[PDB]
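Asker: All chains should be modelled from the sequences, with the hints used to inform the complete structure.
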Amino acid sequence: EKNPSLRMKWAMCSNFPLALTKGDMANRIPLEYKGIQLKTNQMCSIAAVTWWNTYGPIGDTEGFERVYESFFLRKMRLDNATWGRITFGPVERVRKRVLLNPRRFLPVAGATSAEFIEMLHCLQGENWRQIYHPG
Amino acid sequence: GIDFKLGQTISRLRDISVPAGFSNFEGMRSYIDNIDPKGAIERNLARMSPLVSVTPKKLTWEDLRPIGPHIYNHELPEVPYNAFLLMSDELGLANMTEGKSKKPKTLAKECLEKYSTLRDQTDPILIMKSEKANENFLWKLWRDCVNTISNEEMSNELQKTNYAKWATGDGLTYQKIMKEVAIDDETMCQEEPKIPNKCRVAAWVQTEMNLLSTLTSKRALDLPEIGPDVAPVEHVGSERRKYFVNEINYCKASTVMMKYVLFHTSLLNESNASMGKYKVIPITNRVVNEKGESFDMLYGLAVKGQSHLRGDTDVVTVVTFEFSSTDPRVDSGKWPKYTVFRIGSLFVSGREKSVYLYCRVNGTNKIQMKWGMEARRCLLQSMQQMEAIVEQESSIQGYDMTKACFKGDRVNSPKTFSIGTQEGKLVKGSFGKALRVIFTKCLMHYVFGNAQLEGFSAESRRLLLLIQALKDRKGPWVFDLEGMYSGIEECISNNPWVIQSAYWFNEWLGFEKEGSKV
Amino acid sequence: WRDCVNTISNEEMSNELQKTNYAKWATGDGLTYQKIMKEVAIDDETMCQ
Amino acid sequence: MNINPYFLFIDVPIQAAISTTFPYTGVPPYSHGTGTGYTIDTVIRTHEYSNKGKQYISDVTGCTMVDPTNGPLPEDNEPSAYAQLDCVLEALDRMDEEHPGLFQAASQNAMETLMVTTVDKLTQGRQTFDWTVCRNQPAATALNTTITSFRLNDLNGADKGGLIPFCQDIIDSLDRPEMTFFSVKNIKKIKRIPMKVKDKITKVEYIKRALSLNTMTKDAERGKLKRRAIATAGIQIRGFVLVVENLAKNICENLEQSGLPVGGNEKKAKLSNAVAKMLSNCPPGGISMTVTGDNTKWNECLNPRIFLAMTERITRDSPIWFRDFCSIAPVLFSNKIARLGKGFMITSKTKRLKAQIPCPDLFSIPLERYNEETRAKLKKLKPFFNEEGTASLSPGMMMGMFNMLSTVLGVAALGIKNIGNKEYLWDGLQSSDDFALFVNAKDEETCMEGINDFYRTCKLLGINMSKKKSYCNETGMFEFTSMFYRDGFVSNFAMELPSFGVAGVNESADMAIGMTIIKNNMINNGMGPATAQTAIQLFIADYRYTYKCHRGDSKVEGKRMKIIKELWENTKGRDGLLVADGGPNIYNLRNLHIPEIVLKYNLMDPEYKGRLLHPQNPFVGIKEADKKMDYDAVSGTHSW
Amino acid sequence: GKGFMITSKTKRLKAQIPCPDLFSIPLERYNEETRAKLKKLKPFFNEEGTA
Ligand SMILES: [Mg+2]
Ligand SMILES: [Mg+2]
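Protein chains in written order, with the entry's author numbering: chain F, 42 to 82, 91 to 151, 217 to 249; chain D, 199 to 716; chain A, 340 to 388; chain E, 1 to 189, 201 to 631, 638 to 643, 652 to 665; chain B, 352 to 402.
By construction, these hints were calculated from the structure, which means they are not laboratory data.
Note that CB positions come from ideal geometry on N, CA and C, so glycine has one too.
Warning: the hint list may mix true and false statements.
Quick partial rundown of chain E residues pointing at chain D, CB under 8 Å, derived from the structure [unchecked claim]:
| # | residue |
| --- | --- |
| 1 | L73 |
| 2 | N284 |
| 3 | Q544 |
| 4 | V567 |
| 5 | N602 |
Calculated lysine-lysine pairs in the BS3-like style (CA-CA distance at most 27 Å, straight line) [to be verified]:
| # | chain 1 | residue 1 | chain 2 | residue 2 |
| --- | --- | --- | --- | --- |
| 6 | D | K489 | D | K440 |
| 7 | D | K327 | E | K360 |
| 8 | B | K365 | D | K358 |
| 9 | A | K374 | B | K353 |
| 10 | A | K374 | E | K360 |
Answerer: Right under this line is the structure:
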């Protein structure tokens, strides 16, 4: 099909649209859960996924943060940041090559460090301006 | 190094693919590499005939003339109603519900159960059949939907499946034969194209514009929540949103838009699930009034017949039976495509009112169903405007003008815009009325959209920008004007919105002319 | 006629015509009316004896 | 009281409300039925603008060719393809003089990229015409099929790495007396099964197949009452086309007038810079006028022969091997062949019969059995018709084939800047078939002469501008690349915001890809906060419906909904639940750049996070989502 | 007997009206002779396809 969304809409309602791997971890999912056919004897149903996050073994998560420091760094930069007032007057933005994350030509009126660019969407505006300080 | 040798065939093509005056590529290559031109353009321009030129003419208010004068001709027929579903004449059987989401088949059965007089009506009182619609076919098909919807089974498949093959006109399809027979057969010839009829303005298009931009007691637009707002930008964005939704939630256009989206969604789900079978697809909606009570509204049933075609542009017959309370005899010229029966009556508020049933055989493709699901972006289109309008005001004065624009403040009167006319006198209206008019205008672009509306809107844009230049005294010039008008006018054939839009453009142009004179 | 001559002249022991699909329309056998349900015909006011 | 929506323009500029004037909420007008007719008008129209050239018979293919280049100068205002070679070279010479060393720098840079380029690059693109099956197949599928068939004919070089040997054999393949390849044969076994078969064709047949362009109808096109034809070429011309487009792109990138390579939010800057510069250069007391331009039949009047000249001029100082390589694509376009649609439909109403006459058998039926428009179309098509169902299309171009090169030609006409040393100076912007022209002169009358001189000057280069679609006014308000400028305010309101729906890959990803598009729209298209906020709401509604993951407090019934509701009660911390797991949506404007998995890590309960983030879970294009766009996502059970 | 046969020339359709349903359609849809025959037969026509 030439539209991924519609192909996905039709795929979602199918009985078993998910492809399941073979292993012991794949055998701990019940064949049927209160009527719903989670799997077949491999093909998988989205209900089987929902069961996994609901009932199943609690896997360990110790190196997840270390693997994903960049994203968690973004989250804490947002959380620890502070917000000022908002200026509604016209703004003058100078086109510059800026770095999105810690490159593209964007209109920026103020700090051009990657910390501000990552949030630029919520700071600049045609007829408004906001003061932001990354954490 | 690199030795990119050329073959015998490629070289021969290169030799013969040279501009006139060169025998081979080598002659062309040498000429470009050595000969230098130092005024070839000037020589040619002098040598060129003077008959070719932009022939520019200054544009003046007198130069501009009404677009499509033929829409005022009274000999042409009134442009008929050709939208997929009734918009302002719609009637929806309301069934108060706690709020639980149920399958459309169960919703239809309960709504029809509440109105047993209409469900059980077996004797049809034909009011008018369009030109060729079979009253017996349409009614027998309709009773099939009611029986199938009200049966105890959980499937919406029509129970006949053989009467429907001919009631829907599916069986009256030409049979394909091998090419050789057709080449031999002398009576087989290509058909002429179906030229669209030229029509004149209709008073029903204006009425829909008037009625569908008004506020109602029912709001059908419910949207998902978003995360908490911790920044001033989020708060002002929420404040602008709250003002926008509050003014568009209860407009009749919003309820109409959701009904179109839900129906085309159900149509597309059935289209993939069902290929060579006939199904009844309730025309339903979910509404909530001011008090917060939720109702299930049934606007009719539709027979989505067969399909048997995978692709983008492949007609799927759809026969729609839609409830309504408007007498087709009041405006005969508006319903020359609908076979409408009088099926009963009801007391909306203690006053008796007839309930007609508009029947019609239609067709649709997969893309139209897909883009029907995508009629909620009219919400995005309508809003992007007031954001700009409110933003522009905020630039003039610091503090947010959302409250001032919509309701006013200490130092600014509420904003007003010209919305319409009465007795030839321009009328003003609040920002809410303009917002609803903008939303309704966007919706009609989707509902009445086709190749004619794309051409008119794109071609008329040039005239609109010319008028803007005239207003600013920029002294616009047009190299030709009749050609520009002809391109715009060629798209005014039978589309209700385009014909009405032409009438509105002429009206606005005259007002601009009078304003210019002063 | 050409199909008949070719069929007769061939070495096969059958008198079957080769181009059956073409012969379906050449003889006019394909132009036969389609029988429908008596109910649909009763409802169709354009069907007359 | 009758509501007139146009009255909103009385109290607002048309540019500000221009968005509502565009019907982008409706169905894009699609093509219904055969596109064979439309392709025929393109051929008739293309030759109608070049019938005054020289008509001869191509010896390589036997087709009837038409060459309007260097032909008689136009006598009327109809479109004309009679571009004068000397004038084109003069414009290029002026172009090179204004940017010394640009042609050399682009040629050297293009070559360096060509040397490093590999065959895998050709797999990037759109549907391509596969000569083996005479159909349309993806670039990767066509490249493999061509590679395998070249092996059969002993043509090697594809395996050799670099694109040069692969492109070398393609030329060599044009000389083989016969070509052997794998063909899909549908044998009836009742069942029909397609198999491979070793098919062989003659040299002339392969030549035609290599030069052929499959033709369909331009569907989903917005803003036109009538459809057109969109063509795609085969693999034989792809590789050569990529290099030439690279060559044109390098030149265009260094041009101030050019706006085609520029993309994103830089378009508004380009519009502002050009108008500011022209106003400053305006003479004291003079008048600066701007022409909102538009070219009609832009592709049907451009000649591949001219592009061959431009490639020669651009590569003036380069090795002959590269000059030959850069001159191949124009050569394969001057001798192109247009495959015509899929035939016509002829019906008998009395017999209730219909049949499809294929293109090879178009003239096997008397013309009296076609309607008037088709009858006239076929009468004019006969001279250029081939017995195999194709039509020879030597003159003109096909839209989208040479876009960068076409812009270079357009910019060259803008660089003339004057004619006859008259008292005016013109400049503008160019992007493919769209242009805007600014003229500065002491008075309006002299400005019109400059526009008229520009109109005539363009006619000499094969560039036709539509008088019907073009208008002029004082500088400060104009339109370019479908963007409206007025008194320093740009109102780009023609791009359609993409349907804010799931990208249809998976749960965690789609949430990541979705939230990325809204953020980009804020940054690039100036999407406001409120409209950005609502775009989030609409997507979430679509996201929950498609994925059957509504809020746990919702009364939706479904297979996964029952499990979602069970999880909602079981989980102590609801705020940590993912949206796909029936969790609340916490996305807002400030947080459109963090994956939801990372967002809810702190709020996620220890059990839920362990289950979702099990290192070895049974359920587990990550970089780019199929145009390639990157999205930030976290691996997890939802990444099935 | 079997009944009559009514056909649509333009639609190229045919259908056999059985004896019980002879009068189920207006007599104007029968040819002249059959129309007169049915008009005369009506008094003696039983509602089962028998006279
Ligand atoms: Mg363009
Ligand atoms: Mg333009």
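Asker: Does D/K489 pair with D/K440 here, judged by a C-alpha cut-off of 27 Å?
Answerer: Distance ~18 Å between D/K489 and D/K440 Cα, so the pair holds.
Asker: With the threshold set at 27 Å, check whether the alpha-carbon distance from B/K365 to D/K358 stays at or below it.
Answerer: Cα-Cα ~20 Å, so holds.
Asker: Do the numbers back the hint for E/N602, that is, is its least Cβ distance to chain D under 8 Å?
Answerer: Where the cut-off is 8 Å and the nearest Cβ of chain D is about 7 Å from E/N602, the hint holds.
Asker: Is the straight-line distance between the alpha-carbon of D/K327 and that of E/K360 27 Å or less?
Answerer: holds (24 Å)
Asker: Does the nearest C-beta of chain D fall within a distance shorter than 8 Å of the C-beta of E/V567?
Answerer: Status holds, d = 5 Å.
Asker: What's the verdict on A/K374 and E/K360, does the C-alpha distance respect the 27 Å limit or exceed it?
Answerer: With Cα atoms ~19 Å apart, A/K374 and E/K360 stay inside 27 Å; holds.
Asker: Would you settle whether the hint for E/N284 is holds or violated, based on the nearest Cβ-Cβ distance to chain D being less than 8 Å?
Answerer: Violated - the Cβ of E/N284 stays beyond 8 Å from chain D, reaching only about 21 Å at its closest.
Asker: Hint validation: E/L73 versus chain D, beta carbon distance must be below 8 Å. Holds or violated?
Answerer: Status holds, d = 5 Å.
Asker: Let me know if the C-beta of E/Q544 comes in closer than 8 Å to any C-beta of chain D, holds or violated.
Answerer: holds (5 Å)
Asker: Within a Cα-Cα threshold of 27 Å, do A/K374 and B/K353 meet the stated pairing?
Answerer: It holds: about 15 Å lies between the C-alpha atoms, which stays within 27 Å.
Hint compliance for this structure: hint 2 is the single one not met.
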